[PDB]
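Only one chain comes next, encoded as structure tokens, the form solved without ligand ZVJ.
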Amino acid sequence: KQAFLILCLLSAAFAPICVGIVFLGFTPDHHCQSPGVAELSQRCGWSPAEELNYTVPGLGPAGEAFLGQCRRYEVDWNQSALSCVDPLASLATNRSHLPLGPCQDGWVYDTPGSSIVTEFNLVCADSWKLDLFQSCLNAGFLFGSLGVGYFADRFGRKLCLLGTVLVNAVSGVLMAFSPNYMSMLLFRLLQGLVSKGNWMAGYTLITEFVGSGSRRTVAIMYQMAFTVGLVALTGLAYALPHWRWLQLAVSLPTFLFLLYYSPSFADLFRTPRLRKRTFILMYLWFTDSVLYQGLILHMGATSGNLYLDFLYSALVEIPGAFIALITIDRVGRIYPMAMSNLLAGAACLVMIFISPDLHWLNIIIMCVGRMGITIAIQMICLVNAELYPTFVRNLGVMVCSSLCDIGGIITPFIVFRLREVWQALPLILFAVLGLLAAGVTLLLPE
């Protein structure tokens, strides 16, 4: 089936675009660079962990790593007479009396590889600019969803798809050669504009060519090709430790695909029943998008062994798919989706209380939440279709699914900023959103 495998290749290659930020933008441990410190450390012979104890401001109470990460002692390390046992001890009764300055010379990053964070110095006061890398992508998705389908209706469908695939490949390759952060953000926007349109076009063609007897099965194979793409990403991110190398490796396969070759907006709100259904479907699409992206970003930000945690988290999407497929036939849709929302809400709630050393439990609860949101996302793709009649379904699917893009725009600032107010607070949001999405589902008909 030559035509099937190539669209499954087009579905697999989408996953690195959505989730690759986990590997391209990791933050290692850092502290200010200081002159003379290296020379003194060589003369006195400090070991690598001892140099910190003598040189970098301590954590103190409540962690407060800020004083080590973003400040330095204004001490004349060129002084020859300093004690090789503890050089600061002569200067004041307590190190807290010393003057602090900012990292005027730069940061020292403890990593053998590299990331956009380490190259553009997206730390301390600039640390909010990492959130804009994912927000620009989701904004591009939002504009693409409204524009590209109309362009494909005005222009020829085949030439349109061929053009947007050539533009997606070329923009993905050029981003690896980005000379600065601005250009990288413009390539990330131009890639966002086309990626999701291509993915939806391929899905449309695959379910249109295939008959109604197998549409659900080919849809589930299309979603499983995304999981295969995630496992390939996981393996390449392991063998290629540099971000530009991984961006090239991820981009080049797309060139091989090229080488192989009336409704009206007012209707959705005109009646209170259709309004109710529309607002509920909008809310569930929003909630599930926010939770799916939020849990992956939280795991990337917080896991201590990201490679195996990402591998085990990805594989669990296979039983989730088979369970959804069987449940659709045996049971229904309202109660299975309520239960799968409630399960992810409860897993997010329990994760607040787990002791940080119970990692072997923490991964189990993370996998249970992942499987829950996977089953719920699979269910809503069916429920969203039959609640709208065919006269409006082509529009109504676009309308309700667009909330996924505003959720993706908002999510990065929640995970990265709000965590600095209090580290539990994002999980409290995810718990409340999931436990409200559980109850609201029961108000839909069946």
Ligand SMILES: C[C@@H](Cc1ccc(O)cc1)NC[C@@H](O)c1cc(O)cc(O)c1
Second form
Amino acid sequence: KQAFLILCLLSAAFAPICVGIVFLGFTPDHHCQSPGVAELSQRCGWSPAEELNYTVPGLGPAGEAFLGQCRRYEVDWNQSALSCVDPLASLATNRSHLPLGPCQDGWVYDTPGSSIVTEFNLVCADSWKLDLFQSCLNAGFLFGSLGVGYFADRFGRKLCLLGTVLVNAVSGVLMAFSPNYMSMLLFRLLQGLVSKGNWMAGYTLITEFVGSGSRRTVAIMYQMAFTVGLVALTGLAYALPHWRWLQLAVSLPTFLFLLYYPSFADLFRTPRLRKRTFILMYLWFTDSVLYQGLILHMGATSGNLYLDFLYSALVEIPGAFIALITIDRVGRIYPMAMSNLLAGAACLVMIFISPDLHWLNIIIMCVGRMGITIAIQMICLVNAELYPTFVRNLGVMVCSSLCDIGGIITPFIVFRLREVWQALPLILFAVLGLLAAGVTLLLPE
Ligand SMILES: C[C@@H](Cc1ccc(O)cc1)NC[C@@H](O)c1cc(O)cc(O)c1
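How about the form deposited with ligand ZVJ bound, since we already have the form solved without ligand ZVJ?
Once more the chain from above appears, this time first in line as the rest of the complex follows.
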């Protein structure tokens, strides 16, 4: 009870770290700031959207909003010769011919809140530095998954866990006060180092305290605690429009936990075990890539982010309960295959739905998120029981590191590859899911 409560709290408090980029690092509509614009808007009395129409460059042919977002007319707005009705009509017959410069004078963001993007100006040529935030976090996970085993091998368990909790709490708080991007990424990285160590430690403790007659149940509980964490994060992000306030409020939960007081070659030597390991690695990679992929996509494209994220998080609960039934009554291999086929098909269909059908797109997104949630429940158990107890620890640690490599790769896909073609990420997610579906059928039941 008491211990189950602090471990579930630690799980719920992990979820804001993993997915916080969706709310701490949203990108609003933006355009080059300039002198004289506000003064001409006062003199003529422009309304906001009207001011945007007269001032900001046009979106251009069938797309190319980049030239509105990252460029401006090289025009002297201070000139009283400009017309109140339309200043650009005083200068060129076609608005395309005017000289375009970059946003050297800074940017204007349409939001009452703030995000790391809006604070550090992670837009245009800098825009990759946003995804680098999630890259640094997943690199933290990757290094920590190696370092924690050596630390726990050479330092006492209870002290190890208390240390990693303290480090996570303090680095999380300090990130809220970080004065520049590089310092922020160093706190992010350090938190990435300790976050997954804390999570897996709590999971180990809770699955040790509860016997196998209830272990599976308590594990699914622990997971639903992560879902509750996503819901709490959604409420906090709704109530707290500023990222710095959100980053404090996210970190203080951890202070309650404080206030409370072999042969790696073995995975590959045998060709059967080698093939099985490669499959399990692929499934882990694909599910991690799909889960972070869809969460980041949603955060990057959804128009009603708080509601879409709430619905999608709530949908994880039915998926967990369905898994809890299915593992016992039906099996694992065909369930995890159909759940990956369902996620892949959902990603495929999301390519063809016109974005105005948001009421349908959210349903397809929910079906996909349920599918991958079931897959994530199934894969943990299959990855565990397919390895003998002697090998289990090494195999889980290694395969769950491919999760983190996928988490390092995914941000560049979702935030950079999408710029080539908006559908492309969903094409990749479709291919990855459908292949993980097919490959799943090769595992023994
Ligand atoms: C990296 C991973 C750690 C991990 C390790 C071993 C394991 O069996 C399951 C998970 N946590 C984040 C994410 O992948 C995730 C999200 C979620 O909503 C539920 C999850 O279970 C996992």
